[PDB]
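Q: When you get a sec, could you build the whole thing from the sequences and use the hints?
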Amino acid sequence: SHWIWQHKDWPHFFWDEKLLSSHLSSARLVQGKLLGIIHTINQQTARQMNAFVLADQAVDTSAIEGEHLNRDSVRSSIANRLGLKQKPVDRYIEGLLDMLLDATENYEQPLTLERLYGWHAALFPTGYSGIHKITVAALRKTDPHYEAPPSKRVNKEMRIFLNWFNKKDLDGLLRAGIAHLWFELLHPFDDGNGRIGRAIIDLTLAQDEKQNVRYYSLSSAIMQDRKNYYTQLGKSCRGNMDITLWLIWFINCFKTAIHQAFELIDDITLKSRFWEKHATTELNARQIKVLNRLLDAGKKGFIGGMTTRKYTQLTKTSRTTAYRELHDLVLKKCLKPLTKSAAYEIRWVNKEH
Amino acid sequence: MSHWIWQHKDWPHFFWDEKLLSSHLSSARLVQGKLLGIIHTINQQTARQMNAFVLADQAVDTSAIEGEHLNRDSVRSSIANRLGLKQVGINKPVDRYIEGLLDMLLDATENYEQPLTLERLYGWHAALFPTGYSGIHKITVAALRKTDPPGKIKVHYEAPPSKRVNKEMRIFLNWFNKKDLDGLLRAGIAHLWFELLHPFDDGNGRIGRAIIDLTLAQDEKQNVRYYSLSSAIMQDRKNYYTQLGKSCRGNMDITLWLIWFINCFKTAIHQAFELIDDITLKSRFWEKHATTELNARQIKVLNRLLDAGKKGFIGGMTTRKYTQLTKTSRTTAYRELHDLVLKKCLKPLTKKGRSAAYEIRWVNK
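So the sequence lines, in the order shown, correspond to chains A and B. As numbered in UniProt numbering, residues 2 to 87, 92 to 149, 163 to 358, 362 to 374 make up the first sequence, in order. As numbered in UniProt numbering, residues 1 to 149, 157 to 372 make up the second sequence, in order.
Calculated pairs, DMTMM-like style, for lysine to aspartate or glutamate (alpha carbon to alpha carbon, straight line, at most 25 angstroms):
1) A/372 / B/110
2) B/228 / A/281
3) A/273 / B/227
4) B/228 / A/284
5) B/273 / A/226
6) A/273 / B/226
No wet-lab data here; the hints were simulated from the structure.
A: Quick look at the structure:
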């Protein structure tokens, strides 16, 4: 009677509907805002956004498990996939990307055992997880601090989970949060349950939005909040069927993901508006190099601002030239001074210019 | 059927089914956010065009709910002067009612950080009744009624006696200024509660819908209305009064009213989606045709057709319509319409040339 899946009412999850109401409506409000932004920006800006988020998705869902991808390989593969400008094929990165893209692009298709087996084969080409040989593309046949249900139960538990999942008879955000917790508690594979469960979240949200591109990443939010994530899973797996606290945690993670996406799209459009306004500005290569470095840090900027010393670390020019070129950038309204050595920050081009 | 709702022993403690309303609120927030995200992302000029159009709908429709039928051109002319837009028609003497009505609507959405007070309501009421009369009847203006409560819909409802109105309003305003509940619920409750009190001799509907505007502006922190619940209420006028249920509402359970109110909000948002889509189609058209050579007549006609949006003119643009808008001969119209097809501005709205008509060749993303 220690684990949730031993509970007499398993797997009939329930929650405090009156309490969740204001969390869900506030989540829908920011989700709608992001969707309204994406609908209005042009296709070039959306494709750049898509490229950034997909690289974060791959990197962060891997980092959650302690696996650190070559980001250059990730970016290069995404650029080829999306048709953007710009090595050996990295089988693990391609398989991870193929799983993530199947989950958001084929959202009209049901989640089936065969489809999960394909995701699992995409993550484990060699049949090994580190040193350990595992079962690939099939449910575990043995035991995976948490004890998951015994393996003789796993095939039925998964049939119930999937019959429930494909009904879509609940608010889409709740289905995402329930599906993630339920899948994790079953741990149906020998390994890869974390990445596949987060791909299930992606599938659920793509079905909810009817949107075949993820413009935000829950993995990036989970990774940012990883300590609470593990604490909350640990509490839930020892709890009863009232998963109110898990769902509040999950909706807050969703909101964090949307807010990170607001910041990204705001940074992308701030930069392009800046360069529309200043392509008429005469600048030499060094000034253009330094402005791009600072613009890519976005609204948050450099901690101390741009300084003469940082300018000479990036350009390798003399202090006198950096000092004068920085004043030149102030005069041309590209930079503006900060407040107690001199420091500068981007002068943003806000609204129409 | 035995007692008015304001005689109920639990008045004014409205309640509703939180579980049933949850999915309506979540759905409403989603489309509200979508509109707000669009508004945040379009440029300033586009947002201002949207503002001017919604504000004319707000003025015309909140008046039409009461059987007061405004000249839309006058409203547009007054809005264009206030928002610094290109002049609409020759500047004629002002209609004090239109300017007061606009003053009220703009105060409700722009000064959203200020509380609602009796003094503020009196100012709105003075703006609506500048002559001191409601038609033939002299009425109490800029003060609560001292007696008992056209195309206006009559409802046989009895509001509280005037000796109680000031106390009832103080209770209502103390609740209103707490801002202690979900903004959409607050807008729905505020409007129902105000309507049931009928605090003024006349003007209660228009002031009650301005209170909705104030509430939504406070919810959104947005000093411009980009959608209009009056325009939605106008499409369902009869159900509006029915759903208010003034006669036979009876209990303090307002679940059905709040669900209706949330549906009207969503209708208003869905209408704004269509409007902003039409506005952006036009600006996108003029971006592509900024280099297209056109004379002033062709530009006048295209602007008139583009202002009809995707739906277009009934029957499309015709030769005769071209000559009614330009005062040109038929042969000049044949050449200029042909020229506009050649330059990809217009396209044949029919496949048959016996009768010929044209529509805008839209420029998609």
